[PDB]
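There are 2 protein chains.
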Amino acid sequence: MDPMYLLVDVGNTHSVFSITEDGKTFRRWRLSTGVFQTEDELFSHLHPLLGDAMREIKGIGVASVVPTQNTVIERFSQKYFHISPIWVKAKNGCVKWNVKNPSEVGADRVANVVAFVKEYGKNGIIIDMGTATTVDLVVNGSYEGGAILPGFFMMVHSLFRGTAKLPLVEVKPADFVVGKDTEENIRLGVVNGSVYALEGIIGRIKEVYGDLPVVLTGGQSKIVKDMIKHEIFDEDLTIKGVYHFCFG
Amino acid sequence: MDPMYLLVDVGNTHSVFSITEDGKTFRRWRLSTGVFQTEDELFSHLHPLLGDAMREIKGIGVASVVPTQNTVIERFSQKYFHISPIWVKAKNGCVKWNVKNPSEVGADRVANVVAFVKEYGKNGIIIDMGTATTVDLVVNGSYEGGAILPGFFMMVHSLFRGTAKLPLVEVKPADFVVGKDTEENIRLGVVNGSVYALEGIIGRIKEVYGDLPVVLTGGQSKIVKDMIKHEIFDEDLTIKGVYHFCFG
Ligand SMILES: CC(C)(COP(=O)(O)O)[C@@H](O)C(=O)NCCC(=O)O
Ligand SMILES: CC(C)(COP(=O)(O)O)[C@@H](O)C(=O)NCCC(=O)O
Ligand SMILES: [Mg+2]
Ligand SMILES: [Mg+2]
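Same order as they appear, the protein sequences are chains A and B. 35 is the number that our numbering gives to position 35 of the first sequence; each next residue is one higher, with no gaps. 105 is the number that our numbering gives to position 105 of the second sequence; each next residue is one higher, with no gaps.
Heads up, some of the hints might be wrong.
Chain copies aren't distinguished; within one or between two, either way the pair holds.
Using 25 angstroms as the maximum straight-line C-alpha spacing, the simulated DSS-like pairs for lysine-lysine come out as follows [claimed, not checked]:
| hint | residue 1 | residue 2 |
| --- | --- | --- |
| 1 | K100 | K206 |
| 2 | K24 | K58 |
| 3 | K180 | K91 |
| 4 | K180 | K100 |
| 5 | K58 | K225 |
| 6 | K91 | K79 |
| 7 | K180 | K122 |
| 8 | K206 | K229 |
FYI, nobody ran anything at the bench for these hints, they're computed from the structure.
Pulled out of the complex, with its shape left as it was, chain A reads as follows:
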């Protein structure tokens, strides 16, 4: 009566695997996405993590932003569970997609919007801090578009690889107004700076659309949770959206 579902969020750096028996409580694991990985390699990684739960999975739902990985997920589902996964995509129904090319919207973003409309309301701004940081706007149940920024690690890594002199700095907020050494300069510019970037984008949105609730999610969100004004902090938002899209 409470069948188990596996929800997958394939990101550029990491993939999230979650199981639920009700779509209300979720157990989560995370693995590297890994370029040339196979279906057997995925099973091998998941086996000690899911344990007994493995053989209880009755459906698999996936949001993926890495097309090359999709055949691996497909083969894994078919080989180990004798089912095909259900793929999150922008489509008509519960959300109206008021953008130029809805098919080009990343599946994670689609999942976030679906979860938002299902669980939170018809109006809101979603901030998802991952490999990239995204802003997504929903007004009266219509997706209106958003913004894409490099994520925190992407930023510090870009400064490292892209200059002769700069080191790779740890992602940690600055508790100072000006940096007094190179590492501090980078923390201020990247971490606090990205926070200000987001607050400026959100502010301009709210000028046009009013005081919408802000939800924060993503693998890199906890570090700056207390620096961005938000009404909701929901680390499971994407997985919930995968669940709602695939299994209602």
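Please build the complex by placing chain B with the ligands on the supplied structure of chain A, with the hints as guidance.
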């Protein structure tokens, strides 16, 4: 007389070569920095550009943030001009250096501060939009530190290389509150976002140090000059600093 000086600003992507006979007006050229270049290669590039001026250079001053390039500049100066270049670095004198390790401050930043204190006064905030975007604070003739952010091109390139689905986008401001396609999303997050990031960092500096004049400079600054509030726009700031540091 009015002897001619060559000023060099060696950056991570490009190097600026400029001549002046008075330290007020500059003729400038830009070349790629280029990893494996030699002194003869540099001379070959500069020959058709400087023309007769090559014969007239009496002094060479350099700010470099690419240490591997420094031997090329040294050899070029010695072979073609029979002189050693003068190297911009942080040292005590007309600027006090109120940071933990002044010797680590990039030579371009040092040059910017020197130029600022010579021409624009004892107090200011310098924004240099280059490969990286820097903020530098000068208070009562003392360098206080700053911030470092990825530059615009660095950001869009990082999104392109760091994800499966994102294209390489042209750097241009967003003219809209949310993006309605991928390109527009990235312009909003990177260009408008970085402007907001800078304004937040600068706003917080001003809360502590007062409303100091802002100077804007750098190879990527023109595209956003009508978007960032500034008292001074001076594309020659770094080269001016090289001149003042080396030749007064
Ligand atoms: C912007 C993203 C890279 C975020 O992905 P992630 O941080 O999850 O790896 C992804 O949503 C994506 O590839 N989007 C396609 C472009 C778009 O949504 O406009
Ligand atoms: C921050 C910089 C990379 C800017 O360089 P550019 O944009 O000129 O290529 C450079 O000033 C630098 O290497 N600085 C050393 C670190 C510091 O100033 O603390
Ligand atoms: Mg392994
Ligand atoms: Mg050549």
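(request) Run the structure past the numbered hints and jot down the numbers of the failing ones, going up. (result) Hint check: 5, 6 fail, others pass.
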